[PDB]
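In the block that follows, a single chain appears as structure tokens, in the form deposited without ligand MTL.
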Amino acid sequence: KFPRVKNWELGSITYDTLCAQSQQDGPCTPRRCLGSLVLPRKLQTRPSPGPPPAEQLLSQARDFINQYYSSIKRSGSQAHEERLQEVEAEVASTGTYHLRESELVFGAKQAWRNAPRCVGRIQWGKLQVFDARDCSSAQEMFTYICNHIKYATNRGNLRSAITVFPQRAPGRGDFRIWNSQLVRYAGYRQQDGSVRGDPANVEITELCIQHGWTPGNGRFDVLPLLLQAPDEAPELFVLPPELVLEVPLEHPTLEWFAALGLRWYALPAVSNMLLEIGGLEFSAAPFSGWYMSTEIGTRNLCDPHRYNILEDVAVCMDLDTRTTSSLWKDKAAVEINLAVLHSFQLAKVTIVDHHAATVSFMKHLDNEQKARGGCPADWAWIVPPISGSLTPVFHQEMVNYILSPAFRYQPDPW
């Protein structure tokens, strides 16, 4: 029943009992494990043209309300029972309900706390929640988003935040941010199929031009935002330059590195995920924190399907790209990650290296074992893309499961 979890570096053992609370199903079964899969077959979040079944919604809601009043230790009070009534009363009559602002804040924080793929959860209790549920146009979304970016960036002293737009409603379209992140670099597909810029953003770059954007021809052109109000075509909004803090990349010792013209933005803000709290769904709720250096230095810059600059740098370092055994890739990667940390630290922009991050996560695991008797963690995502076993999380067994509130993936609006 309850899994025996072991840390092989320390020999310590814990028993995860928090997974018993998981009401949702993952992709695995006894016959085979799909734990390495990036996306579900359909766990997503299907359309909302019709009202969700009252019995089910009612149980998800009651559960959440219980979680909330338990958090403020008023579990069992009259306020607790009267809230349950309000929810039940609203669901029976309208087939849905709404959250009190304080509940939304608790839910947003809990959703982050429960995110199996997030290594920065030690900061889960510190999150600025912007209630944007009174938004009625793409234009309003834009203002809210600009407010978020301004607050989160904080001139380099990044602060974790989330802006919650109106929940999905049965019958009408969803509020949606088409871009996967608030800040993305364009990816211009050329004649021969190749790409200029960030290959991960070819599709969204094309959709933007399709909706009237005047593109550029650089590798780091900040894309505009395509915001979508219910049952309306998305609108294009160019983010104000002064709001998008970027950090130019240079290396502490290699003078030629800066000449590469590489750079990256300071704010990591996912905007395509769905936030589920007590059965309610927020199709537009962008959240941001700060980068862990490997995200930029290892994945964004070195992935073959991303900027793929490994050989460029290796050649500049005069390394032997002839054979794999010279470890030219490993050497180049290290300097690239070093340049990222150096540049951000020099620019006074919040950043965390993978060693510090995983060290904090181990502490978080400890806190959670005492607090909830477990912690859902996706080993493949928690262990960094470089120096895996050099970090403590590599040697820590983990249990992965779905808890709610949760951040979930959802279909692209197009």
The other form holds:
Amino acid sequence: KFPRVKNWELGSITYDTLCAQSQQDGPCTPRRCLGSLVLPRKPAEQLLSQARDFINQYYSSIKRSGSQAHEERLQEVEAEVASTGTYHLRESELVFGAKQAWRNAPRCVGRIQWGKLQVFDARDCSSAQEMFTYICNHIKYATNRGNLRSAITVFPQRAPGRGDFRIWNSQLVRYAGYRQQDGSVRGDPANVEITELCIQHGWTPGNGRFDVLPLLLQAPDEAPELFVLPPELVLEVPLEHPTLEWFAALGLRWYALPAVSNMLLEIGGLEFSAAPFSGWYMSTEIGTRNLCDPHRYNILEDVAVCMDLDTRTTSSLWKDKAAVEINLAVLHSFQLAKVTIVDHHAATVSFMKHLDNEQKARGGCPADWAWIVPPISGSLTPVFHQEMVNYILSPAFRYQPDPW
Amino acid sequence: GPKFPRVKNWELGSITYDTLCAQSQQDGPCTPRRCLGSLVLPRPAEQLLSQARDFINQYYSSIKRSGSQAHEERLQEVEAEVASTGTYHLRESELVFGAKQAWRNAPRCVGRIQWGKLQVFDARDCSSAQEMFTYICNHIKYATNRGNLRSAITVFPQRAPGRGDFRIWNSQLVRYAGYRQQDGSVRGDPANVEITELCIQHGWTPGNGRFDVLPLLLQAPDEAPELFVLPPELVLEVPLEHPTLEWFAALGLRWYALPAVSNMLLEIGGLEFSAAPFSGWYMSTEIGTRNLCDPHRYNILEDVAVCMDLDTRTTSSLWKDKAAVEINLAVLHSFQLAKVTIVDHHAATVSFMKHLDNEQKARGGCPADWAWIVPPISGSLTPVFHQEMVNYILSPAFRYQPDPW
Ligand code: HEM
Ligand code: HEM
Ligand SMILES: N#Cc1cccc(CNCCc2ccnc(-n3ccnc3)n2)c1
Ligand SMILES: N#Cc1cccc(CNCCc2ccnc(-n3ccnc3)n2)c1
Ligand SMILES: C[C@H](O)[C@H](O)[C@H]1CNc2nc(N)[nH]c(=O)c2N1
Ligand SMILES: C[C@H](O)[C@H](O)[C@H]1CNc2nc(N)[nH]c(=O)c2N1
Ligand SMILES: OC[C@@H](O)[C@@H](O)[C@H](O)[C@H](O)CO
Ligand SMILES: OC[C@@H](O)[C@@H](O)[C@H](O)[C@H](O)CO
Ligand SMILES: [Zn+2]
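Can I have the other form now, the form solved in complex with ligand MTL, not the form deposited without ligand MTL?
Time for the whole complex; same chain goes first.
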């Protein structure tokens, strides 16, 4: 019923009772576990019950359950859904809802920060142009000259029988990938498709390894529009290494602001199809995944050769060695640039503290072990040895289909 | 698409569907409401017969004689045995098939490319602890092969109704002692504190080193376990040195050659073999990362980092990451120099991906525990990290069982 959760480094045991609050099924069944899969395979009373649950969450949060304001708010929601098939959140409710979705996000290692989130209400946006203004302000606010601050901008909710507000980019800041005549890629192979979409919508493309993509922004039932981010808004960090003088000569660099723009924020049964959020990077996202993944910049071999490692065989651990120096270069360069970043040891340590906080606060914490455990040096971090329970709580961030 | 889990590799973009999970007749710990896939240990003639029937069907399928006269006769013979005795017995080749299939079916083992090449030792005639010792020594000699390691399993008599189990009390045939100190610390391997004390309680005169090989506590049916010291010449060990860090040798670290699990229950057609030690060869990260660097194991990370003169006062120096790499390299280098079979985490995960493709074609899927398959260092540097995996319980199976004390 309630799962026993063991930490194998410390021998300590907890029991997750929070998971009983899950109203949504994930992909596992008793016959097989699908916990390693990245993506999911796929009226009024329903909305009304998700709404009431949410409003109840909110008033309990401000310690006013049963108050007249609480009972009144419930009747407003009920009156509105009964008449219109939908309802609208008050700004304070949206702010609470956004924080809870972040708190409930099982794949986020940064949730120790969940209570500190600047929420921009952009629900009065009626055009792609206005979306762009809102986005620019978000980036300006969040970047803060390198003293990064977590933020989310919330655009208008989905509505029955009209197109969604959507940001076509998967991140607000990302580098282009240009498919070359011989079928290689200059730039970021993860972004070949969005790059091609930008060009087809009139963007004049650069030809570098790190060309910042323009935004494709879509207002309901309209073709998406192209907007070039002003370069002065996009803070970037040149990569150099503390001891390897040759490393800077690789011409490598990365952007400061990690901002997801393709996810759906669901609150009280309402869905926000455009609600970009940003925090700050954990170094391995850049050093290990972005730069070392075989299907990303894939620079492992190049670095190892610069290090004169023996690439002929796997047992020299040339890959492990290069990867460490790359992550070290990312930490060093961000610190030298005074741009907020957290290494995977510090991050995982703070996540453990978060598990403890949430255990006392809520009786558990949904966590996806495969995502929380860093992509290098797994068992060198405390989260490796910590069992975790995964489940879906609402409010939630969800994946949604690419709008094209 | 099909009504089966869609499985994606995100590096290559390739898609398979697992149809093999349909053959699973045993529930795991997950439900639609929550995934417990990360938990290490999650919680009658009628039942025996259906399990037995199922395995006999598996056996005859594998020899391509499903539905044959010998198939139906074997089914009848098993039902009649269970009818008169309450249990039944495997033919020798059925045992070999079952032990191989249990290995093939093990979601947590990355070494499964080798599954067809397992030497199965039949020790179902064993009738004493002394005899178990002989069989185990023989296993260790055969499997070690002076450094050219060979996969093997030795199978002792099955669990019998109204008779005590054959049990090996040790969790591995070879493991190091852990001596609790008066200051509260542990000398040796902290993993082994309890078994070390049980050995002493049973009359073992304890050492006082960091790497004292443990004696075996062996239990024949309905008898107190008996203590047996392994003759040092049978236990191959490898002193650790580093290819370029000349001081690493001075740390006096070492590890044993033979990784032999000895406390898992082997289950085949409902028959339960409570003592069936098996052994392969190490993947280097088992020694280098887990045994030597786990905080609750030898915990040598800080020590090595200090010798490397790293900044252990801040996480951002990546001192743990650097030291861990050199320790893993020392493990590989030393085993290679000593000519003792070992496989690094890159070569092992590449072979497992090949194994996945083999099993996709052969069986339509492969049960795999992602958390265990992905190595504890350099995770996304290996191809298995980017491979989605479906986990389920197939039988024959290796299973955990409670410590006999
Ligand atoms: C403040 C510092 C933050 C850190 C250090 C952090 C860290 C991370 C990391 C390492 C991941 C794994 C992503 C990947 O590897 O693809 C992740 C995912 C995620 N984070 Fe955060 N995060 C932060 C802020 C935020 C904020 C402000 C939100 C929402 C308001 C958020 C919500 C999420 C969600 C929903 C995911 C899952 C993304 C996906 O599945 O693609 N995080 N986070
Ligand atoms: C031949 C070379 C082999 C390699 C490289 C290999 C590799 C591995 C590794 C790295 C693990 C993870 C164990 C841990 O991290 O605690 C494992 C687990 C396991 N292996 Fe193997 N293995 C090999 C041979 C075998 C054989 C011969 C068998 C049985 C006939 C076997 C059955 C198992 C089982 C049942 C587990 C799960 C153990 C547990 O959950 O504690 N393996 N293997
Ligand atoms: N769909 C999809 C899909 C599948 C796997 C990974 C993905 C990207 N994951 C998020 C990557 C990312 C990038 C920048 N920033 C952040 N980020 C910011 C705060 N927390 C995470 N996360 C999407
Ligand atoms: N019960 C239990 C339990 C929980 C976590 C880890 C554990 C040990 N896992 C096996 C370790 C191990 C040691 C030597 N050899 C092998 N081995 C040999 C062939 N394949 C794996 N495996 C047991
Ligand atoms: C197949 C596997 O689930 C996939 O590669 C996951 C593994 N863990 C991850 N962990 C993080 N933090 N980010 C990721 O994209 C992934 N990808
Ligand atoms: C808590 C977590 O499940 C536990 O530490 C697991 C993770 N993955 C593992 N993987 C392997 N190969 N061996 C292990 O012992 C573990 N331990
Ligand atoms: O080129 C488009 C891709 O970046 C995009 O499809 C992402 O894979 C997707 O949005 C999930 O991140
Ligand atoms: O010292 C006792 C332990 O080694 C023992 O309890 C093991 O943890 C157990 O047998 C499973 O590995
Ligand atoms: Zn699961």
